[PDB]
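Presented below, as structure tokens, is a lone chain in the form solved without this ligand.
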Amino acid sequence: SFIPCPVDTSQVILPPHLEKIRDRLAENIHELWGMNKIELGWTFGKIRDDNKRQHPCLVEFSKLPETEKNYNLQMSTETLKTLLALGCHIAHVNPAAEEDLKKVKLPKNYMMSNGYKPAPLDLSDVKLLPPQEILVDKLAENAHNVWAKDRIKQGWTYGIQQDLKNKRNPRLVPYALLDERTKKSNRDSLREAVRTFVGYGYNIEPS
């Protein structure tokens, strides 16, 4: 143990009419990432320090280090290709629906020392279809594998207590043995993932 194996997206083209919705999906993952780190107590430093809760990538998406923009794109691309792999169909239904949607305006204290303030899209109003919640769950578990596969290949191993000494993480586990809270947190980050599709006037279905 353990062998994290996710959906095989290697036979999946990303059609060009869906590359722009990937971009806004990745951008909004950052704004949700920045928002969540600030809620935990993290602040902006120039170099990552887990003691002072300081992270370097806590900046506007336009100004992320040029490799880490790709990781957010890679995170977004894979969730998009996994959809097509699972046989879901995504449709650019109405181009106009996106205009009305607006971004969350967080309180003042969320503004960071360098002036960065995360503004994720206000997707609370969107209620997803029941056939999409089951697809959210199947993508929240597959998301746990893409992470567990990539971390292990980066030398990460399980660890009773979390430690960056040598890549030890207690959540590097078969999804069956994860904790409930972590599972719910992943359905959340990917429930938000599907809402970004519908909110942009893009439609997908589960079959």
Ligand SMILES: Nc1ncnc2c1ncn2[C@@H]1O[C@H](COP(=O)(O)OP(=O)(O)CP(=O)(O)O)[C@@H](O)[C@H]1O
Given for the second form:
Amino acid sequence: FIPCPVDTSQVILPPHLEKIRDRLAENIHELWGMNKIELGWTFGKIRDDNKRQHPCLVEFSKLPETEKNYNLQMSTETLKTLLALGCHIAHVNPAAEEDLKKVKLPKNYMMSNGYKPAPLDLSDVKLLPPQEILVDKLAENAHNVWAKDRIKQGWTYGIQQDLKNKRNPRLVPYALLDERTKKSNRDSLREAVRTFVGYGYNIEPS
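With the form solved without this ligand in hand, show me what the form solved in complex with this ligand looks like.
What follows is just the one chain, with no partners and no other molecules.
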């Protein structure tokens, strides 16, 4: 198994896109924090996988640096991937960031750190068919960018996951991957494109 994604080396990120790169990472983390509470997890300072405690379920500004850069790099690689495919990212609607409210969840979503997930309310954002094929294609690539970095840290396949060896049952080709995870990647990058549009960006191939 060889996870080779679209080559992101012959690509640079213009400084005017660094703004979305920062906000895109925030929203992607907000969506993660919500889904994690939605499935048995809570806040903690000493991670114990059996107790469902997590230190990363905090606001984007309070994250540790090791996990933080990974969220900014993956966000930067996502933008660069669109550029490597021949698509452009450009601001057109200047009032969209002001007309971008955030989702507010029930009271039970607040934990012992003062953090309560508040992703952007992007439910009223519609995508054209061409942008759907992009999100589906971007999703398969996000699996490869994740799998390549893990592989060089020694991560291979293993029936049981493990935070102390390089084992993970999802280190497999996108075809041999459970459709739940495949759909999860598509949903994540569907909001990624909606995050751009929510800030006033038009995605358009050259």
